[PDB]
Amino acid sequence: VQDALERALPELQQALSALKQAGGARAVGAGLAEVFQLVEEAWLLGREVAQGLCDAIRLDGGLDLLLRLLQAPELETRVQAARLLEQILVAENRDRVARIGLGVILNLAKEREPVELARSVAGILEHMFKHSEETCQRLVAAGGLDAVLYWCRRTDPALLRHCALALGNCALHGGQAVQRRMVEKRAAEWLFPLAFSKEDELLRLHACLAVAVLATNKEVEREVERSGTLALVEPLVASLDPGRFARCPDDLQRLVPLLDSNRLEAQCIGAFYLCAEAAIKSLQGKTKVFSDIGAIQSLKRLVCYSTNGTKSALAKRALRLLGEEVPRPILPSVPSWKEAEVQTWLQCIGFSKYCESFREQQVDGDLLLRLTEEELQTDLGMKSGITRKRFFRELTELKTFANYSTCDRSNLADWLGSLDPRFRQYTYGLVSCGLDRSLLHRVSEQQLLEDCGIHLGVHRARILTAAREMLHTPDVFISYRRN
Amino acid sequence: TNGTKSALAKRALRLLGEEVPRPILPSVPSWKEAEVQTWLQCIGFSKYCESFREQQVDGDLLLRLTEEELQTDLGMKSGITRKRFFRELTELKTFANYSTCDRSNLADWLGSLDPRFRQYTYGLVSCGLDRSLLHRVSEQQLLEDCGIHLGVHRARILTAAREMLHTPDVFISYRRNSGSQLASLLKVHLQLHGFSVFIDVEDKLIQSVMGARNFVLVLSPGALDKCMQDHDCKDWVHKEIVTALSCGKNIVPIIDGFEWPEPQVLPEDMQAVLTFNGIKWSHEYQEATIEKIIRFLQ
Ligand SMILES: O=P(O)(O)OC[C@H]1O[C@@H]([n+]2cccc(S)c2)[C@H](O)[C@@H]1O
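The listed protein sequences derive, respectively, from chains X and H.
Residue numbers 61 to 105, 109 to 311, 324 to 547, 561 to 571, in full-length UniProt numbering, belong to the letters of the first sequence in order.
Residue numbers 382 to 547, 561 to 595, 604 to 700, in full-length UniProt numbering, belong to the letters of the second sequence in order.
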């Protein structure tokens, strides 16, 4: 199964021996080109083949030789060395470059003019940003991010693709400080042209992934929206097809937060990526990765509470690609729910164990929407406090997405949402108490806690203060025939 | 958090007969069940891994775990064991990525108060509090909701909070393919310099041009080829040009790969605009070209 490696490792040996023994610039460049072509041919097969290639390169100290060729005054030797570097930056070699090879790449980032150097250092910076948080912070402190922005100012397709993927990788693996520094350097504004360029679909897809990952950081969503690059995410996702790019585990674990980001653009990007990855995995026999991560539950929750056609379609396609039953979307009129709707919501939220208990109690929309802790503990047999807290989190999520028009008279849900998007869950409690916009000026804390079910004191205080501060002969007659 | 320290620790563990632990993802609020399990084997609580799995504890439930839940639901009878688990949880909460939930960077404020105060960031966020809301928080609310059991920490947080807390300018006319890159670069550069520019993606077209303080059409290679001899006003770009001419806004065309069309083949409206001077676009000096455009602009 590895005879290719068996007769390719000696070829690596003579290639590196000739490259090291070469003293002329042209001979070194030819050796680097030979190694790069061999690596490309191995890649066209082979993940394990390339891993074996890079293991031998690291063991023989080839990357140190590439570093000192990057330090060499000759430009073309540098271009071949960086061509090899882009394709030899595997995880172990990435660790080696992080530990000793860093700092040399900043000197390349100082160079800006050549297109080949731009592309090569963009790829190298992409791989380095995929390494770890500390390396991302160090590169951001250096001129790597500025180099990425300058290359984004450029026009070359491959350079733009590598820059977009670098920004996506650094946003994914950077942390709070890295994203803050990126936005302070106007990362989304320079991401905008990459997504706007109609020449290549993959460039826009990567730029939109980077924008969505930045948007998942919701402490800077204001400036991200000020950039305005989030707008193009949804139309591009709608236009593009998962199958074409699919045909063309940690990454999935990082994409899952985009699914649970509660931001429409981020959710759409995550759904598109997960659908493509699910198609790729189902092309093979290995499909248990999504189940192990738990993205199936996220997809089911996305389908049940879907509000966008494109996102719902992508989630349904991703679920159908796997061996999971698609959940039928829930009717938003929760107060009007019958027993069957409550049951269906229960299988959607993965509480099929308690479906029979709910059926025996004959819980319907009103009883479910006014369910309390003690009723769950005693009547429904939900002994575990952690399970009860999970159920109440699911119920809060349901109450956020609910149609209260059958019960709300003063549109109090809109007022509660204006106060805070998470405050809308108390709309049904406030309505069942008989309260409306006019009546909230006289409500007390004790009444709220006892009747409206607002257990959190902070929410009660905010609602009370905000309510108190905000609240204070016909002309013509018709004479007509029967028909 | 340091590469050298992590490498040394991994080498030391590998020298012995101990499995190296995979580093934990700092985004604790976004943790799934598997991440909680992995943290459990890291902190040496493999006995309770099955109990955590049965309760299906995830990032949020773990990060908001309470004493009674551990005592009853998870079967952590020993108070000493519960205190050790809470010490480990505090250590985890100190090193956590709250960006998915923190909006006002309240973790930074809590850390500025005290490095050990950052553990309450998730509680304060889940309560809905931020920097602006902390001025009105009370002791009882903190104790009941935010989970700050230590009275000294509550008093310090309250006192410290109370003491500390108290018409687009330019419109872009571009072609579908040739003008897209140049339009994107122009708009982004103008926004970087403080110029508000509205670039779209008929009735809305007229209002968009009317609201534009200045009109800058992108004369991309073959930009006016479709607008050439367009006396029927079929092209939407033609509509934009005619509306801008009717409004008479400041027009500063940018020259790239195309020349001024002959007035005779063009309608008189765009015959008028052909007299305006254009600025050559340089790929070698894009920022310099934008600076020149701004210098010629207001
Ligand atoms: O997946 P990992 O090990 O984190 O990194 C991927 C590395 O493999 C190289 N590559 C992958 C595919 C095809 C070619 S030609 C090259 C990339 O340059 C990257 O450095």
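None of these hints come from the bench; they were simulated from the model.
Worth double-checking, as some hints may not be accurate.
Said to hold, decoys possible - According to the in silico footprint, chain X covers these stretches of chain H (three or more CB under 8 Å from chain X):
(1) 450-458
(2) 522-534
(3) 577-585
(4) 664-678
Ideal Cβ positions, reconstructed from N, Cα and C, are used throughout, including at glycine.
- Message: Tell me the hint numbers this structure goes against, listed in increasing order.
- Response: Hint check: 4 fails alone, others pass.
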